[PDB]
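Encoded as structure tokens, the following chain is the form deposited in one PDB entry, with no partner shown.
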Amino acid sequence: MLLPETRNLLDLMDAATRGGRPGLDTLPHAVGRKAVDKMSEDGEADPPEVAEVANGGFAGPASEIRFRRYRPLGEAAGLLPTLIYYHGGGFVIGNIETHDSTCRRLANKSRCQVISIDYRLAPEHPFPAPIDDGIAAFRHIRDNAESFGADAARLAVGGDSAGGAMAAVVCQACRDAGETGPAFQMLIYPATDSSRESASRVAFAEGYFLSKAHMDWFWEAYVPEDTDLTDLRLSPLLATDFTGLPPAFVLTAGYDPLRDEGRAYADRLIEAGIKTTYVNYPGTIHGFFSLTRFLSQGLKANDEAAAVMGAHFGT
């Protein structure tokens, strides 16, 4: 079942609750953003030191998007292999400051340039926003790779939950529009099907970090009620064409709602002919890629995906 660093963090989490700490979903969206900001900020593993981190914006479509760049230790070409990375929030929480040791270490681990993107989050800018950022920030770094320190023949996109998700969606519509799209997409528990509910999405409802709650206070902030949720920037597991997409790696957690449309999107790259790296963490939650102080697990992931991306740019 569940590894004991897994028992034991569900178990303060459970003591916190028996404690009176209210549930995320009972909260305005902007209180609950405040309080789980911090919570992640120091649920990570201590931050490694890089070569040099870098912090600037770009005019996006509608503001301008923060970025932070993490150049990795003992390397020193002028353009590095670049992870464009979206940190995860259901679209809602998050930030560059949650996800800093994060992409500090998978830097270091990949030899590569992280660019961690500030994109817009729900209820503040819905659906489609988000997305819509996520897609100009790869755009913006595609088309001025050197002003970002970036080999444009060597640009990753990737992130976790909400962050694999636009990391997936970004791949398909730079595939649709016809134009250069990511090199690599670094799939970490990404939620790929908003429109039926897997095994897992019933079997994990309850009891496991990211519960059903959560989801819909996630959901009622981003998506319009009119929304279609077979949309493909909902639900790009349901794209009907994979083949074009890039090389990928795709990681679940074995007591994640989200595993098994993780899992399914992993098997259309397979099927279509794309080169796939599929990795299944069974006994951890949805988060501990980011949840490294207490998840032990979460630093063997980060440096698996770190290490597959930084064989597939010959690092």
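Positions refer to the first chain, counted from 1. In this text, rigid core is short for the largest set of C-alphas that superpose within 1.5 Å between two forms. Compared with the form deposited in another entry:
- Compared between these two forms on the core, the listed residues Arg175, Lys109, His214, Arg142 keep their C-alpha shifts below 2 Å, save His214.
- For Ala199, the Cα coordinates differ by under 2 angstroms between these two forms after the core has been superposed.
Could I have the structure of this protein in the form deposited in another entry, to go alongside the form deposited in one PDB entry above?
No partners, no molecules, just the chain.
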């Protein structure tokens, strides 16, 4: 079922395990974060040139939130359709640098500005802090669109995994609060349901996701004991009503525990009459969107996500 490049990568990760380094579960979070972040940086394809990269920050709810803006090669317009991007990493790892090459590629291919967000992470800042930052970043850029060289009529949100969940939740949050939400949502293999185990979650739980139960290293850092797991900030799939949510691109990986709940999310969007593009990449794994040094499928997925967003925004 797995593509050659996928098998090859999994063999590599297996070899690394026999090298005798302590597992991620055994390390303090700050130590593990630093190590895995370098691996993530070095697992992206080489960064393509863009027209410009800009660093700054603004006042979030409880801290500075840093951003990095990427201007696409060849685009000379003042106000660009803009994707606000939330990196993955289980709300515990990842940063602007781990997804930098990916954001560069998305900008160039979409002809859209990308703004990558450095939101607070667990365990230091557990649920709901990261979601709070994600929401504040979107509201701040929306309300100050011109300052960020953004076309306020063409403001997307998106992200991979945890970041995908963040993007989905931002859309629901704006809608439920009665304010202007994103014009588009790019959900790359999002987590959408913390309350139930889908068939696909069980298939890779009777399996090897960092030796099955080192989800806890992430989960226990992020989620307070006694949090209701039907909370829509953890489980956006469980919303009562999907109407009024923005047009979407939803991508799943074939060999991924989150596959079923990703597809389920697209199904709910479609059934509510939302313009929804759904794609499944068979024979690849969770993370492939940014593991583009090793997985070519990741670059194809980058280009497809970018292409659909750009087409949506008329670029």
